[PDB]
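In structure tokens, the next block holds one chain alone, the form deposited without the ligand.
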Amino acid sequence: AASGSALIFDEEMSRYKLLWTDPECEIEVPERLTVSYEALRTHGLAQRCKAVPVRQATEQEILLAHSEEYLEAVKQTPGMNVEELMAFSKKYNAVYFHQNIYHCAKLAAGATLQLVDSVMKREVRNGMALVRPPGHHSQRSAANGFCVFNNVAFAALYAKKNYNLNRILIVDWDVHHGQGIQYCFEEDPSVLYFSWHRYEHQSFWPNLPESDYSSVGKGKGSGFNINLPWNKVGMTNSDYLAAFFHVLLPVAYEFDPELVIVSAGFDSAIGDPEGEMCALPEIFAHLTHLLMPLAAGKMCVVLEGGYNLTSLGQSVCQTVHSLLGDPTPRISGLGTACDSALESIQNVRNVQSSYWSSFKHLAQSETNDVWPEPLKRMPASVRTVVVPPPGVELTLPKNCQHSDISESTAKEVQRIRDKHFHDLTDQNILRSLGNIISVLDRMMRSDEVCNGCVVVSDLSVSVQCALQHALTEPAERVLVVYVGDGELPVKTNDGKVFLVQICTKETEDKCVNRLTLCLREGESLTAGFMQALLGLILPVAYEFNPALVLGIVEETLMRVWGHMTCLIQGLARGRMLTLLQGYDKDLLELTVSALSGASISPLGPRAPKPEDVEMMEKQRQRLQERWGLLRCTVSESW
């Protein structure tokens, strides 16, 4: 299977710039590229990437998305002097030309196609192209908003033509609307376009009525265009994640794309003079991470805008860190989206309810600037520790490792035994508790190991020992994810534990530190679980911000376990301990694979039970006043 991340860059794309006074254009400078690459170099990220070379897009490739007349006109700009280039520039909106920009536009496009080929040929898992000029405003017969040719539109059309793809997701998290991309695929249901963007009730450039939430596509393309307008500035991490959990991800996992292309503008980051948003560079590590289980990880990130040279380098670094699979930074201080964002989210969900099964219950009554430097991210020496039953030998990925109970550890198990399980002498259980403590010590008190999986026999003693040992070390907060019925030795009264329970018996919960999901038996179990995962489990988990995730599966319907294990590593810097009760080689293999950062198989493109949607929305109703990140409507005021 594929490994590594491509980084496609070339100094030549920094060799065009603005040559006359124009306040509308002066922010777009060559240094955006140099500062971004240099930041990757400084943090050792460029050196870990495969440096695929740039090429020129050919004429035929440019004509995938642009007209012969527009290509011919642009092809003449290398022969123009400055007066002539100014006159050519003024025929278009917010864009400038330079004798070398045609050369560079062909490289930006070629670089993007190189990234598509490297990913789709399995030569790398994923990658990023640092290109200039940007593309997403560019249109069939017009340059627009610093864009000459539409790099990301090329990539999707090229991936359709040469790899026969039926479903491509484009995610445009640049702060501007990518109207060139929307127009390109307006009637195309094979390319799903999502964009959030500063809009301010259409007063923000490019001032288009069709940038609003009601443009859902046209014809056979209805429902495959998703606009999320931001109608106030200052959007925060909580706004961006609310957008992902309640709009983008439900649609993306139902769409089930065969390739993800990110139109990655970082002018949506704090400090940018165009976006004026407040999301920290660390959020881009999670936006990347939440999309990586799609399309078996095949993700092509393409640079669009981003204009604060400092916020730019840090956001590029956070994205590449996640592409390489480094642990995600913890996001603190999350809560409800602001009211303006909730209005936008509510409105997009309602108009899209005609097209997507995640939102269909909305359609019926019965159903309805300075900021702190980001901390260092380092891949662990061994990412994943595995402890199968005694004597069982498994073939492990190159970044996993078995685990040799030390003497201090063994003294701890004895101390614990004499106090809390005086009668326990089963030397199998006592082995497992030595394994749990040893794994947790490597995960928490060392940068050596990131996560782990231990196969256990007795659930109660192992869960108690795992949870209690993590709380005292101390881990301020622990998220427990439990698939199974009954009660665990887990107290959820203080603010230190949150328990997600996936069970079979429809119970009642009254604690707002518990999320109990009773999913009805049937063929709809996968869609319902994915719906619960993105719209309930992830929002709460992210707001809780645990220091450790404790997964638990009882021995007594888990083709979703890999997706959860992968997504839930966005919490607690990836520090997850999974206890499997009893041996199941396939479940243990799947768990270790997802924990170790391996690609996860797609689910295939369907609809959940209305009883399940009702059960889930009752949970949202019961929890969202405490956990505001659950909210996907504006709250009623008194």
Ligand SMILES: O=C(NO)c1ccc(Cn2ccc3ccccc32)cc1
Second form
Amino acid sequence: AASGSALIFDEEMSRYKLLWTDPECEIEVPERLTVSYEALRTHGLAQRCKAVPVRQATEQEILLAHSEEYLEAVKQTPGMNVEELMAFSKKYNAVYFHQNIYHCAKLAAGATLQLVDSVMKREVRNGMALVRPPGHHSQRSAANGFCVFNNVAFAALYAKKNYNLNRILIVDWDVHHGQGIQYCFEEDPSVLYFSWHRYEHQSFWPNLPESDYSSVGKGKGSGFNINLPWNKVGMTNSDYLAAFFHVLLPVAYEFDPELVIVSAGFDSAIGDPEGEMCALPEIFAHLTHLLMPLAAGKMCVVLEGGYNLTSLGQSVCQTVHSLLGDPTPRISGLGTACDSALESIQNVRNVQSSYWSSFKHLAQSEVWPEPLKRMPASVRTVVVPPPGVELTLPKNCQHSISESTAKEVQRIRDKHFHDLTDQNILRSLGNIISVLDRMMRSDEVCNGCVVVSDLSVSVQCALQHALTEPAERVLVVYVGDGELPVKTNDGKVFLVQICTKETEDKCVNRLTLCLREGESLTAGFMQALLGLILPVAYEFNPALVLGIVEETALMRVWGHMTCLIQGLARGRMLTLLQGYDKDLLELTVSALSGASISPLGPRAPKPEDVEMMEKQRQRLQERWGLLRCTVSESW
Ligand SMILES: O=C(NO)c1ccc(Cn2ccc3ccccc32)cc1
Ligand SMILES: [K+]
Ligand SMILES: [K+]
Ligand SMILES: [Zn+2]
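Structure of the form deposited with the ligand bound, please, following the form deposited without the ligand?
Let's see the whole complex now, leading with the same chain.
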């Protein structure tokens, strides 16, 4: 029953600043914070967020990750003049101190804990803290790289201590390596740390051997540390999405964290003077989106870096938009990760293969343009159960006709289905059309679910009506066996079929997954979802998703499926379920509407299934480059 998104912020954290000439520190300015709140205010997103107030972290809380000695040294800095502050700063690397910075660091820390309490008490579903100074570089007894105290380290330890959590995921998508966080949880298997970061074969700051893919943790923590070094600059949306689909999410869903914490630095975004990567802000709408099915949505985004004041606010707004569940922007031009990225992706996968049952088969050889507006839909979701059925609906849904819509069904009938008169089927067809009309052209409805009786006529009308809408491209996800009125010959339709009997597949616009039924089914299905289905879908960039389920269908995966596949097509998905099922219709509507998803926790899948999936990657990765997670073989 949790709802809303906290936005923790306070203008006091912008009242410390660099007080002497130092060109390497110039970039880290108070204006980073004011630009960010103001952007969220301009776009109406700050107003939609519960503004939880900042507090100071207590001394007892700071000692969870820091040392009496180093805390007492920093506690002395508010009494210092500028000479003394320069001297204290020079005992550390890439960090300046200010009379007010111990004050703000305590606030940046306290703000993060405020976010943790709000999320874990169900007062909000998720949140984001706009803090200065950053956290992820600082260590138990030192400040480093603009950080004083490790705000995200605090959050996990705090959430460990006061909520008795066993599994916490920390995703550090900042462009620098959060070495403070890795040090803190090195031997700890209850806090899984994933970081990607600019490395350039250790030439990039902080220049640490520990930053490479080979550091997997120590002792009982081996496997619970994951570094993905970028060894070239200019990494693109396709490189970030490849890292999620083929490293982070496979490990994240098997881990099944009880809470997700993001070190969200946006120096990894296009335009940043320190990161020099090429991902558009829109990418962060999806990095957020892809993780929200974890831990029932309990996500704590915590600002780290970001230095181009323009690129900064755009990426913050994309993250909060997604936190509030607004529709995700379509990403165009996705394709293969570059060669350096595939090398890094392939190296970390191989070294981690001893630890995760998603890479296990790898071990035994058998300046840029503006984002476009994302206002949420009038009504998010439209439901059309059988006539007579009426269950209760979330606050943002609605039941289903028109005269125009009725002339089409008659028009469609006489042309293509002359020998059909079932006034029930012909109702479904009217519903499909009218619900698609409200999705494809009105910004009013987002997605919908229609229960249907005859599948073949329902799908045909759904599909053909969408193509003339115009929908340049339609992705079709079908769970069932048998033929289906689909023409996957031109580039306008891609079909994903999940069936029980295998099928030699000729066409390359198709992905047929035959999963040997059993206890294996759920674990393997979701390897294929993150490993194959999402990467193809993302490259395809559909205008509309059409989900279909035949009546002889198991169910425990459809919510994750529905939640994730809404990253395509600005969330415009129509779902045709054949036959009434209270539970499935309830689950489909719940996921479509933005609700949180029940986690899965636990198995590992059958080799006949993982081999079936790698035959599919082999058969498709040359058409669909985003499927690649190795370097191409050169002639
Ligand atoms: O945004 C960040 N991290 O998340 C981050 C960005 C840039 C730096 C580099 N840098 C800053 C001052 C200085 C002095 C000497 C050597 C290097 C230095 C460090 C950290
Ligand atoms: K990072
Ligand atoms: K760890
Ligand atoms: Zn950074």
